[PDB]
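> Please construct the entire structure, taking both the sequences and the accompanying hints into account.
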Amino acid sequence: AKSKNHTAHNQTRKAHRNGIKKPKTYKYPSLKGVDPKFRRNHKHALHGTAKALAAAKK
Amino acid sequence: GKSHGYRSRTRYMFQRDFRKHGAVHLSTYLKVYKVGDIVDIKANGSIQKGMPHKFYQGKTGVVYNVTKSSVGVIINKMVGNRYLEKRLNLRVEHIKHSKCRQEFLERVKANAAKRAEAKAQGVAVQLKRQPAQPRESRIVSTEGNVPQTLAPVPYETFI
Amino acid sequence: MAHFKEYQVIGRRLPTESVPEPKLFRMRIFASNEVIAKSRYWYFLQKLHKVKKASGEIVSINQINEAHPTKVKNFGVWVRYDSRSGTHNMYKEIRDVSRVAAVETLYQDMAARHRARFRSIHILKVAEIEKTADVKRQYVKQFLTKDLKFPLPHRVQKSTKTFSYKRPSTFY
Amino acid sequence: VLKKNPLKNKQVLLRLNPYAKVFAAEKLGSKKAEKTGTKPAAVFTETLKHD
Amino acid sequence: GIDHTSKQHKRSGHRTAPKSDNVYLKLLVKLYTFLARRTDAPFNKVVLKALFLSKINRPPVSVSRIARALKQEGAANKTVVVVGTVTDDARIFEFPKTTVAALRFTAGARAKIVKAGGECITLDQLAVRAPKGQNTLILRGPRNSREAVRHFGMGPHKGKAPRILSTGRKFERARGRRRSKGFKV
Amino acid sequence: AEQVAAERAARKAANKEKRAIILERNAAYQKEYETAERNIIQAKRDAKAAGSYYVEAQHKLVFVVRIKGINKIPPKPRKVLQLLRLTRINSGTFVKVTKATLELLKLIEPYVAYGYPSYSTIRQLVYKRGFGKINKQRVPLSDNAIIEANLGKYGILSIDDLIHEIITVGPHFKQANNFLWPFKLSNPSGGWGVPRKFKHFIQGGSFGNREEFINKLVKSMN
RNA sequence: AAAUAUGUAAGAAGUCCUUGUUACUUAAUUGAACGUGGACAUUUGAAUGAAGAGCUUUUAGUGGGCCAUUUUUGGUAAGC
RNA sequence: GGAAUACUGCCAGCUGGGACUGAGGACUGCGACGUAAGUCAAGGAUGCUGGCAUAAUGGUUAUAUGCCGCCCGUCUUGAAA
RNA sequence: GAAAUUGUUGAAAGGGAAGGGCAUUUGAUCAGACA
Ligand SMILES: [K+]
Ligand SMILES: [Mg+2]
Ligand SMILES: [Mg+2]
Ligand SMILES: [Mg+2]
Ligand SMILES: [Mg+2]
Ligand SMILES: [Mg+2]
Ligand SMILES: [Mg+2]
Ligand SMILES: [Mg+2]
Ligand SMILES: [Mg+2]
Ligand SMILES: [Mg+2]
Ligand SMILES: [Mg+2]
Ligand SMILES: [Mg+2]
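Chains as they are written, first to last, in the entry's author numbering: chain o, 2 to 59; chain g, 2 to 160; chain f, 1 to 172; chain F, 312 to 362; chain d, 2 to 186; chain I, 23 to 244.
In case anyone wonders, no lab produced these hints; they're calculated from the structure.
Do not rely on the hints blindly, as some may be mistaken.
[Stated by the list, open to error] Result set (BS3-like, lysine-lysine): computed pairs, CA atoms no more than 30 angstroms apart in a straight line:
no.: 1; chain 1: o; residue 1: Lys28; chain 2: g; residue 2: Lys32
no.: 2; chain 1: d; residue 1: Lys11; chain 2: I; residue 2: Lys158
no.: 3; chain 1: g; residue 1: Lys21; chain 2: o; residue 2: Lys25
no.: 4; chain 1: I; residue 1: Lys70; chain 2: F; residue 2: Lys346
no.: 5; chain 1: I; residue 1: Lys158; chain 2: d; residue 2: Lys46
no.: 6; chain 1: I; residue 1: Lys121; chain 2: I; residue 2: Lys241
no.: 7; chain 1: I; residue 1: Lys175; chain 2: F; residue 2: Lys314
Here it is in structure tokens:
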């Protein structure tokens, strides 16, 4: 006995029962994947402006 | 059997246009991309390095990284009951700025000027775009323009 | 389609900055109402000129009453229509009191004799024949003879009651 | 507890819309219109009765 | 028929009442239902909801966690409120005066608060002193600290802990967690 | 606590002053319609008298009724019918006309009938079947206190201002129309006037834009 | 080189000024990325809609399908 | 040149007949009408009259008449088979 | 001393099954409610 092999019937109906939702934008994305040479500097950059505001607000 | 290679079905897609083969023009390389910019993807066929997969042809994302000869674009791709968030590393031939965002930016300067001028003028603004409203009345003259009477024509073969 | 009326319609593209004041085209339609009459106009302007209801505008839609409602005339109606096979032309001959009545018979007649529907017919030109002896057809010409008299044999009598007591006669 | 209709029931009409009291008094619904005798131009009548 | 957009006869998915059959808990709920209606300030809505929460959603608030909330600027003299248990700590060698209001105290936490000249108050005495909820500071224990949520969301490249009884090598450290044994995850 | 004839007189005296405002407004809105309608009929004769042709301002208002029932709808018209609040048969609501909204109606031609409503038709709908939205709750519009409380913010303090705002298509249309729960009409007391509903009006049907004949249709279903 | 179907944008997580932070970048405190301080508010920037928006845990049945309009490959065709 | 009548539309114009329904339970409100005391068709029915007080109405059961009604359980895309 | 199954007595129906659903006629039978 042979089967029925493939279809996509009812697959688009199933999909919309629960939305098809977007993945939520965030203020501040991850620096995973970003140029290492740039990050290396940006770490040291904020340490300075925090210490500048810490010494300012003392 | 079946065949699902990385560039299958791309006979006419990565083709090079008619009378536009050969070297890419220098204004392609002299354009400066920054983190945040919107860009449309369109794969040049001559440059084999840094190429996108056939899916991202015609998609438009945001930049997130910039490095020696490439940019990081970030696209949304749909799969099932969901959208995943996908990170590309394309060379700069296969990319160009979205002119829809550049249209928007210029309107922001227009609207800020209207509000700045409205305060100096004296109250009221109304700065939203209204869609095409239904048209008003008019008196169409017959002065040197009398109506031309028409009727349906009979069938002739001419073959 | 329905009990007809006659309408006048006029329209003239939309106006533009490069070319203000277009040309005004006009037609005479037969319909049951204005809404069908406006539609027929745009149907017949699309068969001739480079226009549609998106690009166009209607200017004036006016009813045309009959000039002499109670006077007998002899109309000559041209018509173009689709059969199952090809698409032909004709010249029928109608006799009535008004133009709108002649069009109301012509549609009823083409449906009986040819199985031509409303969709499949274009009334090209209804024209009143002023003079006598300008009548090619025979079935209108019989009635144009002088001192015309004819009986109505076999008279029937629609009853209210189911049964009847007498037994009926067909005299007149 | 029970929705009464204006249009009919003249009280629940007058609960709303107090002008309905004076609308009836001065009739209005059958206002006599002024009557000028303007004539259509020579072109309009010609273009109407045409081929 | 209607073309229904949403689900019909959907319950709200919120506890209207405590699942407990505790007698004295219901009398606190019978009090704060009255205050939350006939007052105004949202303090009484928040305290009411907290009385319905399950054990897992009312973690214990340490006596140190109260002290670190009072080190804040301005919040020296505010009557701290906790809808749950309050626990002692042996990692602090000083502790301020203050007045705590809660469902429960441990023998050690009550002893540590009174030794520092303070006062432990029940939630019905809090309502009498502060009816609209004034000069108050609500605190909540750390929910995700619980061990059960280590395991939630276990998959590949997730960093989430397997469900496992015995540990040590030869208990899930070979083919799956390293290059040398096939692949890493 | 006196109350009985202290607090009571003040609010009677206060609510007496609202009718004064409601009278002159309706008297003003009464002369606005008729003089506007006279000039539209005058302008037609002046152009005829001179030579020209007058063409009216197009309609900025249509009344739409769902003709088809629930079953067997493709997912694009079915979505629009929900965005125009037409989720059951013989339900209907007003629409402001732009290009955004015409291109909607074109998608739903075969399942609805619509056209250009009059004063009288609106007057009868809003009186007979006038309901409003309050915390969802479909509340009947049997008094003005109900409308002031909800729609005072945007102007509008009596039931005729609601009709005026709908008919002229004012500034606060969106607020005033969305207030009105979609109209639950009956089937038409004279029948549909055709053998088969589901063709276009132009082919002896019901659906699509029948222009000014919607009034006769609505007046029976209401 | 259509029609139908398809990606992105239409603002506060935003726009403009002011001059700080750096081991990155520049011939050059120039740029770059995140900032302090100040200016801009409910016409806050197309329509229509919104029995709320979002998140977590856990577990059942199912994994033989068939039909209809339009597009269609195999086949002379088929309730294939 | 002066009238009339249809056709389409409007009236917060007038008025006659028929059918079904009468939820609710001191008071509270919006209003009308009156110079005032009051009155009202105004947040859902009151008034009057008769006959019967028992198998008279009502319930159950058997039959009769009109139209409807395949044998359950099962596996299956599909069972009255 | 239940049911399947059976006998006698009493009521009923019955032109190639019987049984069921909605409504009423008719026949048998029934409490309540009336103070
Ligand atoms: K027995
Ligand atoms: Mg299978
Ligand atoms: Mg296979
Ligand atoms: Mg290579
Ligand atoms: Mg009838
Ligand atoms: Mg029919
Ligand atoms: Mg399987
Ligand atoms: Mg098969
Ligand atoms: Mg049968
Ligand atoms: Mg089988
Ligand atoms: Mg079976
Ligand atoms: Mg015995």
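> Run every hint past the structure and note whether it holds.
Evaluated hints:
1. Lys28/o - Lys32/g: holds, 27 angstroms
2. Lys11/d - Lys158/I: holds, 16 angstroms
3. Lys21/g - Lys25/o: violated, 42 angstroms
4. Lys70/I - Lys346/F: Status holds; Cα separation ~17 angstroms.
5. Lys158/I - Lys46/d: holds, 23 angstroms
6. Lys121/I - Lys241/I: holds, 28 angstroms
7. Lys175/I - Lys314/F: Satisfied, since the Cα-Cα distance of roughly 26 angstroms is no more than 30 angstroms.
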